[PDB]
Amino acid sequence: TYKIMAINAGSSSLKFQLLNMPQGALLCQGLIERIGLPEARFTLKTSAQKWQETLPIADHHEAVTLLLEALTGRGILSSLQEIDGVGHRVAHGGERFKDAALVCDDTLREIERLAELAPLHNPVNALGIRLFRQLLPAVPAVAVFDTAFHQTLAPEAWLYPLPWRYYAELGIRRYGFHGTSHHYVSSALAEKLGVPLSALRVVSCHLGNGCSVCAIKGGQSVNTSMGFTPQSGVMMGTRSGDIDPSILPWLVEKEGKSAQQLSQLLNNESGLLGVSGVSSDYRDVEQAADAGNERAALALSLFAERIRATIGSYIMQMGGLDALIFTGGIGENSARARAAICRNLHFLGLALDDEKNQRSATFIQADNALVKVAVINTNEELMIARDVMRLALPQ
């Protein structure tokens, strides 16, 4: 039994879980939020209790100190020396990282060089890597990149039909995100089916506040809906996903939009929120729509259609489909979203068993369907913990 800690460091937040490996048992979890601000809050939960306190938190250096102190102060560990490894989420690995990597000085050097591609995540990610290497210097660390799993994409899937200069010089290309989640629920599907993932043609739908679809064939990722940025792909909470690109020059000319206005538009004002006029939250739009809000209804309908269109592209690309996975907050819980997404797919041998779908059972395909349809809770922290074991305790 090994103690692995999963770390996710945001601009003003510190998310953490502590897992007993390899069973994957949650020992504790929690969140430090509004770091550096007033309002700063530290929330920590065990299998048995919850503690929550508002208190000033200077910087991440003080967020990590309070976390480490709480681990022994609450009896969760007898000592900090019981921590066998730490896994850090990293937004963007570029083309350099095909896998998680043991944290060393140059792995840090490179993650920082990649800030130009994830400017609002990668540096704080590396700061967490640095603080824990300072504060827990005897503990080995692994960086786990949200892009790594998509690096098996072939060029005809990641190259945009732009002038070659824009890839070769500027680095513009599809990278895709949610890699850890798609990777985790891919492997979990195959284990639950008792079949090697390399034997399956799989489409995975991560439907949360962020949404992405991924195609997995031969155990590798062969396409995914997010592109150069997590803005793109299907429609999400506040993100538009893919739109006619020629809309954007037209809004610059006709409405005098700055570069950042365009990006606030694409990332914060659109999606469920921009269409429904109600909310970014799926439950809220559904509540509005069920009461008679036609824009909320169309919102939910457009949302299912965008995902259906992406699924269709990837089935075509793989020449078939053996299984469809739903995950994330919407995918794990919304039997109605799953039903709207899965309707009228007899041409694939895909249909849902309504009783199992309403229950969000782990398998929900109809009895005589040829396509397995799985509802799998995603667990990026467990996946991260598994990558720590692999690269930092080969034992």
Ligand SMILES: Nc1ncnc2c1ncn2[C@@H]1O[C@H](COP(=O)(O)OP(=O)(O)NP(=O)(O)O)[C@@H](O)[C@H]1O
Second form
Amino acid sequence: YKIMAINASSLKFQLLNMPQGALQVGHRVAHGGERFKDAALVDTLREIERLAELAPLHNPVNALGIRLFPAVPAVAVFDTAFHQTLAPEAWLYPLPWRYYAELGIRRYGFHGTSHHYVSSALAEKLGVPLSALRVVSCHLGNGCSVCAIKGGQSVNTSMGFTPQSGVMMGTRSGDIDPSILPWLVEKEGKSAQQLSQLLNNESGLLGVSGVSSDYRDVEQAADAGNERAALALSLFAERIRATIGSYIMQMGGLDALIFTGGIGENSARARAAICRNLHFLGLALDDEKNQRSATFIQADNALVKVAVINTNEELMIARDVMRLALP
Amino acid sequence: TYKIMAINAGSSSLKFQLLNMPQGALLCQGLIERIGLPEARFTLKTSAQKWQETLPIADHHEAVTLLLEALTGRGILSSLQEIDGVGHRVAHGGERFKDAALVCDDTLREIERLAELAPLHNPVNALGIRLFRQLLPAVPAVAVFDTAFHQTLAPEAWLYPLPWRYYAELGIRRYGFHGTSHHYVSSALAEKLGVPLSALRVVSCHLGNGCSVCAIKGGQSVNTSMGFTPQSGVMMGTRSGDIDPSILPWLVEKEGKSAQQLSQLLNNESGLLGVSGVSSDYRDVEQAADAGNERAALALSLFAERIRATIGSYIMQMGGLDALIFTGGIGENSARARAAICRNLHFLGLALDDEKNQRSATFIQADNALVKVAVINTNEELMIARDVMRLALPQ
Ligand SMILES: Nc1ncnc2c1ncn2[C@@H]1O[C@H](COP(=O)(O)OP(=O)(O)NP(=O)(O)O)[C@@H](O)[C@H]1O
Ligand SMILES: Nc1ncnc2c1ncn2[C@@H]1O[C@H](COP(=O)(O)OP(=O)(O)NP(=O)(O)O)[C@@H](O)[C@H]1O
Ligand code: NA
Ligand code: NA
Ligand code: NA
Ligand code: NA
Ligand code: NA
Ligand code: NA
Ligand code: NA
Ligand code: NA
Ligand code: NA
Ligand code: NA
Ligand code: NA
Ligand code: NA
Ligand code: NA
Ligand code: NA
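Having displayed the form deposited without this ligand, please output the structure of the form solved in complex with this ligand.
Full complex below, order starting with the chain above.
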């Protein structure tokens, strides 16, 4: 009836009146590898901390948070689990096979909790089974990812081996020509970590704009005439548009596009730039609705629903300790 | 009727074609290979005959000399004056060259300046231009750049989301390659269709050992899959294409790969060869798969998905699609790959005609389809000769 959501130099918490969702136990785990295709009742501790081998600075913090927290069932909820329905063609990188079979390098995806939440939130609003829709959902925040949901399963998503890749984000470059990296090492003697910092901490909106990691900040610099900030927002939109384009291709069409996250739920600019000239899909926004961020913002003529859904990952975590620990 | 020669000088290669212009008739073609190395071979073919001689070819200066004396000694040319212009393929023109250039003194220094970015090719490409200008002083020469075609891309398409300094100080951006090929089949499509290219939204798929896809809208490249170097974009023969950049620091921090080994992992050990473990030739991977090799079959399916994904990006960029072009050794011949690539595109009115695709006909789309799907043999030497005759013989 009353469950709590833990997210471990930090310890976010939130207790909810379940199942009404009323309100600042289940445990957010950053990487479940391939072992956890779903949220797991908690031995589970020891294969959580083992996969720390691929989520070093997040996995053991979360699994020690599970230990600190008796007689209360705990469910571990893995940001990666939603994406374990991807086929090999979606998660195998064209590297030498041994890099996957002996080192576990493959696309994994993250934000799986939020994508799962908002996609079925969307289905409930339309009154149809999620499996009846072809959905692209964009979680757009400090981190950003796109996700393609078809027949109720995630079939692709933009973050790869680590949460650094995919679309452009606040400080993460997203995907870039990989051959840039051996060039940077041989021209600026960048160490493995400096490269890693370059990609994770000074790229994206921050590196392009020179102003800020924050969309709202960059958007003010660009309206006051800053050219690098204006370009930044443009490239931001384009990265996400190209990714959406891949996923529509993969699914053979599109029934609904979902925006969420700090930018997705609030930025009328981001959403209008991202949806520009898509009449060939039957997608168009309505200015008035887009502007007040109504739940559905598509034009009445439009064939593709466009939804602005606020993601609530603690409430989604709640609904899983209720399902696997007190059924 | 002019006699134009197209030249492509590799690090140890010297490919060449002699064309009768402006018809396009091929008089002779050939390759000098293993230059400097032992095993140096010279092959020369015309319509009728073929000549091949293993013999010591020291430097490129000696490859060019055997080429010129063979043209007269095989009765191909009556004299070397008969040659009206030489066009040279050049790997990387950076931002300086938006088009093919008549070879100046300035053109050649500007080309060696860009060696910074195409180190294994640009220096030797310029070597070819110099040797020919010495050995054929009277003949005009034109540089044709693999990037030039993509110089019509906008910032939001060639800027990588790195710190600005990385572009404004080290020139790191998407350049794109295969310009000459995409240019050529773009424009061939518009001829064979009787429409002007300004009127079409085209996606062009050069699928060979290297593979790239290119979005042409209103007559211009507006995006292309290869970025900073020809390693990136879709999956290829032994090139990985685009992967997660964070894999690279991981592998350096974990396996200790130098900058050079990362380049070889990405360029020579990945792709079709990396995934199938079989080979880098699409045909040999395909034989392996139909024999039951699951990795080979996986490799052919990943290859198709990576190309579908890029097409998807560019179709969205242009607001639709009017024609899809398949070229290169795989695009031109593999009805299977074209089929796997075009499946379930009813959302764009795109559908293939099986009988036409099996024959590799010129248009393979289905009868009720809204999108034209063309199978066009790329012909970069022809594209080069046309640029030589545009800029070196304006009459
Ligand atoms: N009203 C707004 N208008 C525009 N952008 C906004 C607005 N509010 C927040 N943002 C942006 O969205 C970000 C907040 O995203 P948020 O979803 O809270 O991130 P997060 O979930 O805490 N971290 P992550 O899970 O990695 O995305 C801010 O840093 C701003 O860039
Ligand atoms: N009949 C065929 N069916 C399928 N694949 C084929 C066929 N013939 C050739 N290929 C493939 O075509 C590939 C390369 O063709 P080609 O385009 O000539 O290479 P290339 O021009 O030397 N390098 P590049 O132009 O950069 O792609 C080979 O690696 C084969 O896998
Ligand atoms: Na679905
Ligand atoms: Na992403
Ligand atoms: Na990106
Ligand atoms: Na499809
Ligand atoms: Na050359
Ligand atoms: Na450009
Ligand atoms: Na270019
Ligand atoms: Na390219
Ligand atoms: Na070009
Ligand atoms: Na162009
Ligand atoms: Na490519
Ligand atoms: Na790739
Ligand atoms: Na568009
Ligand atoms: Na379809």
